[PDB]
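For this view, one protein chain was removed and the others were kept in their places.
Chain nomenclature is as follows: A, B and C, assigned in order of appearance, with residue numbering initiated at 1 for each chain independently.
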Amino acid sequence: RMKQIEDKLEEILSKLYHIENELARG
Amino acid sequence: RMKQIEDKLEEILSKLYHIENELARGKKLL
Amino acid sequence: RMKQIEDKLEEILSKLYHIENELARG
Partner (left out) sequence: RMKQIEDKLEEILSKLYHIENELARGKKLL
């Protein structure tokens, strides 16, 4: 429940790092 | 409740896939 | 506590919509 929200957060954050890599390339 | 939180989380996530895909569409066409 | 997390979520989501507008322009 609280872990579940944190878990999803962690995934969200990984996407943001992947969006930064897409930007570093372009 | 957690219902709204869970829906916001999925919507956040989906918007993130969308952005990633816009960025990817852009590098191709460049 | 649960509102607080939701509140922050809502802000996060507004940024994502603003990032979409920045992309629609460029």
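In this section, a contact is a pair of C-beta atoms (placed from the backbone, for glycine too) under 8 Å apart; a residue touches a chain by one contact, two chains touch by 3 or more.
Peer 1: Would you list the chains present here that the left-out chain is in contact with?
Peer 2: Contacts of the unshown chain, counting the full complex: A, C.
Peer 1: For chain C, enumerate the residues touching the unshown chain of the complex.
Peer 2: 1, 5, 8-9, 11-12, 15-16, 18-19, 22-23, 25-26
Peer 1: Which chain A residues touch the hidden chain?
Peer 2: Contacting residues on chain A, toward the hidden partner: 2, 5-6, 9-10, 12-13, 16-17, 19-20, 23.
Heads up, the rule we're going with is that only the chains that are shown with their structure count from here on.
Peer 1: How far is the middle of chain B from the middle of chain C, if each middle is the mean of its Cα atoms, in Å?
Peer 2: Taking the average C-alpha coordinate of chain B and of chain C, the gap between them is 11 Å.
Peer 1: Where in chain A do residues touch at least two different other chains?
Peer 2: Counting only residues that touch two or more other chains, chain A contributes 5.
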